[PDB]
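The structure under discussion appears below in the form of structure tokens.
Of the protein chains in this complex, one is absent; all others appear in place.
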Amino acid sequence: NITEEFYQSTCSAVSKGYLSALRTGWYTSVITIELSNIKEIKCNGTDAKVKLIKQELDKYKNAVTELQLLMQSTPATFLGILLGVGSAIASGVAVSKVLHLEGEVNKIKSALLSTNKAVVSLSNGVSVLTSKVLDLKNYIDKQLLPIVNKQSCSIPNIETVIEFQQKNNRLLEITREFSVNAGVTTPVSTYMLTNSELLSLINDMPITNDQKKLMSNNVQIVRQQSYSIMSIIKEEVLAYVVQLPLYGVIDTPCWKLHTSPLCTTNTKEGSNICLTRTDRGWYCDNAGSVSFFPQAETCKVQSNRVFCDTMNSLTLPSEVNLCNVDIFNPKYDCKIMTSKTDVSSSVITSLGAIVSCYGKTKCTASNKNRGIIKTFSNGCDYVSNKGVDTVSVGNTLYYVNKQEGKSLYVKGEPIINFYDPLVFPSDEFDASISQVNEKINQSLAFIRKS
Amino acid sequence: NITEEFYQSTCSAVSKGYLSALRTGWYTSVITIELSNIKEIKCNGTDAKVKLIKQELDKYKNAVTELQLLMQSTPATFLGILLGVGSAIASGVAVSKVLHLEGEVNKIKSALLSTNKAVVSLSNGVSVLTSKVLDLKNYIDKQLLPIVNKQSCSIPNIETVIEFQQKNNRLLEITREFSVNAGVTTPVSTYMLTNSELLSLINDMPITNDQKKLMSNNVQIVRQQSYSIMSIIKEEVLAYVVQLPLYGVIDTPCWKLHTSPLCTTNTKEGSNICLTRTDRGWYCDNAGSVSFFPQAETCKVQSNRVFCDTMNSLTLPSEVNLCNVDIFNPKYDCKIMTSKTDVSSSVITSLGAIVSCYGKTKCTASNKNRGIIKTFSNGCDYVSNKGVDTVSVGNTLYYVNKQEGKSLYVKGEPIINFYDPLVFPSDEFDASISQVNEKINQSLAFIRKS
Partner (left out) sequence: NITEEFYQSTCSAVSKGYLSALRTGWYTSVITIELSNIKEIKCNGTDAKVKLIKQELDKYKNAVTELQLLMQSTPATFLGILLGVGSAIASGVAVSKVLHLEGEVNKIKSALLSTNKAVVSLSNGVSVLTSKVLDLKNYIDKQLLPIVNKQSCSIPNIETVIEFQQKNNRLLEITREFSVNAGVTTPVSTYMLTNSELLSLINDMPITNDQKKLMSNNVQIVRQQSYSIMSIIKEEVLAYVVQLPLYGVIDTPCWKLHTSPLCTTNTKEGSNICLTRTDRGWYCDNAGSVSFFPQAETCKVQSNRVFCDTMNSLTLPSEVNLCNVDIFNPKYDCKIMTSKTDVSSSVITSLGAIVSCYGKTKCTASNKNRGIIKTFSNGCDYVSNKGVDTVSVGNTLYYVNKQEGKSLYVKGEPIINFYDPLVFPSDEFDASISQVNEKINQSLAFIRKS
């Protein structure tokens, strides 16, 4: 149920019909692995099945020593320039710091003695979920101790050698990811947290039923917005913090704004003036205001659900939406940029394509079964994605999205015609309708002086 | 056969001698894996060789269930601001959408019954290559059914346990990549498509012999420009779309433009004016025009072959090349920027290094066996890579490329001297030679008024 409207007057289009899924907070969980403390590998036997077990214990001990070197380092990692600067893992690292305090590990270790999942209140008072995901201590001590603890080693069966390599592999891969990521990984792989464990962790979290359903049906998105932070390894326990997203805003209207340069079409080369709406990005109603996301990557779309991160957003009054139907409205000052760079390009929207065609550029739209069906004249135009498969601007061939949905072409005079090119400011990168008007007055006043 | 020319007048250099390899389209292929439908693991025997087989089937079924959660989400993912906005996987996703239609899977499944490679015309009419790369259904049903389908399970040999883990591993790794990439991966790994399968897929594609030779000798580049899109999993078939690049433009001349700030060298601190050519990047002749690639990553160089993506390009008239030999030419308006920020830096070209040395900065060029061999005075200068191994600008040490090739130093008066610093605009980021001239006239006219 996605719709789109193109505004010929402002060379821009809005895609409506989306639902919000904004990350507004973080939930920190502590994931543990019970380790076996092995120092000496006591066996002088040259048996082939013992040698393969000795070689896997060396890999095991190498990973332990490798992780111990990571815990000794406190781990870390148009209108985009207007944002702030957050600290993404500031919450998770804070939990990682507490686990270094004395006895804090013993709290975790004792709570995870009978069950593999428990809720622990730390010394500072925060209630974190704790999960023991692997008990290599139990396996090594019950299945491998009678082998490599005496001098007359008992030769294991071939099946145990294979089984130990499987169980040890997860530890090795967790160590591998932390080694090439300085102890902070994102997204969180299935080695840090399996699809079963993650879903189970979501169900046990203190969140609403709407958040549980949302997170469970989009765990791949949950992983891309999660961090895995190596913390400690001591007292036979490896602990790393998993920082999961909290979606405080769900199911509010979202819309995406696409913009393209709007220039004059005079045949004289340098006598053209351009103008581009700069407020392009994702917009989502949020607590009476509008959360605006100017960057491309910060929002991921899954069907009609938009997952965004508020740390890369601005908070604007809802009147910002008035710029779509009336860019000259007196309630909000719509942001634009100006130039004399009349160069051709295209923007692929959710349900169509905007084409800014200028100069000697060949701009067309094609179908697979029939070829060219529309040829654009100079200016800014738009074509729906129904019956159109590709758009061509110069030597560039853009495929359009085949998402189903109705588009609407809103006819209107391109607002660039309302300006006189002799008093038009054309070097404005962070400007607005009013900043241009007041700047034209100053130029127009100095002309009135003559 | 790479050459380079440095232009002292404009503080810029051009590297010629390259050949084009531009991605201009996409080819979509459907890769399938025949799966076995296993529900109940019927065996109450505690045999060690059966237990290892049961543990691998659980991993198998976990990957199947994990993939089923991915298919329920329609998957997605100086002069750089001038480009447009494409939708990279719009073509592949379109094919991924068709595979959800009724019976479309049965078409694929039936065509891949006798052979593992076939050409299928879908319901919409497009002809796509289809490849069955793994038949776990055949392996599980022929090698594993007589084990875990009765209640008196037949204990397999140890060799089958090892063989099943190998064949199941590819499915697990494909699932792993799609889990941490929201169903869209790039580059395409050897798990999605092995070097043998990819080469075979290229040879069977409906393309020219030049494209086949080009793609086969640079498959590592082909992978970096390809996408793997998870599609469907039903009726015992896992299908994912692989989106491969089409190189419509091959073997045309390409050249790379390097630019650096050109400032005045007055000893008074703030009395200096700067000027930098902004049209830097890769240029490739293309269909009578020139494809310009302003960003760094969009083009990858392999020997003398330049692989670029047209979606991140502009289409300029061929006269843009005139800016190199004459920046004041009357046919094309060469783009520049201005500032008063006289700060030192260097640009490592293909066959040398440009040095913009200003103020109290120590700028040198060194050889490993002899140390400093040249000391730069203030201004913009250039040194060939023959006999030079490193360049130093301040506290920064740049190694130069040791690619073989002749360089040419084109003497000329730095054009920054032709301007008077009192009417010089110094806040222009998107400007040109003519925009500066007409702006100097307006400032010069208001001075004539006095």
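Order of writing sets the chain letters: A and B. Residues in each chain are counted from 1.
The rule is simple: a residue touches a chain if its C-beta (ideal position, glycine included) is under 8 Å from a C-beta of that chain, and two chains touch if they have at least 3 such contacts.
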Full-complex contact with the absent chain, from B:114, B:157, B:209 or B:377: B:157
Selected from B:132, B:223, B:277 or B:439 as touching the chain missing from the view: B:223
Hidden-chain contact residue, picked from the options A:111, A:120 or A:161: A:161
Chain not shown, touching residues in chain A: 22, 24-26, 48-49, 51-52, 55, 62, 65-66, 69-70, 72-76, 81-87, 90-91, 93-94, 97, 125-126, 158, 161-162, 176, 178-180, 182-183, 249, 286-287, 289, 291, 310-311, 313-315, 317, 333, 335, 427-432, 434-435, 446
Sites on chain B contacted by the missing partner chain, in the whole complex: 78, 157-160, 162-163, 166, 187-190, 194-196, 217-221, 223-224, 258, 260, 269-270, 296, 300-303, 339-341, 343-348, 356, 360-361, 368-369, 389, 393-403, 426-427, 429, 446
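Criterion: only the chains that are shown with their structure count from here on.
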Chain A and chain B, separation of their C-alpha mean positions in angstrom: 20
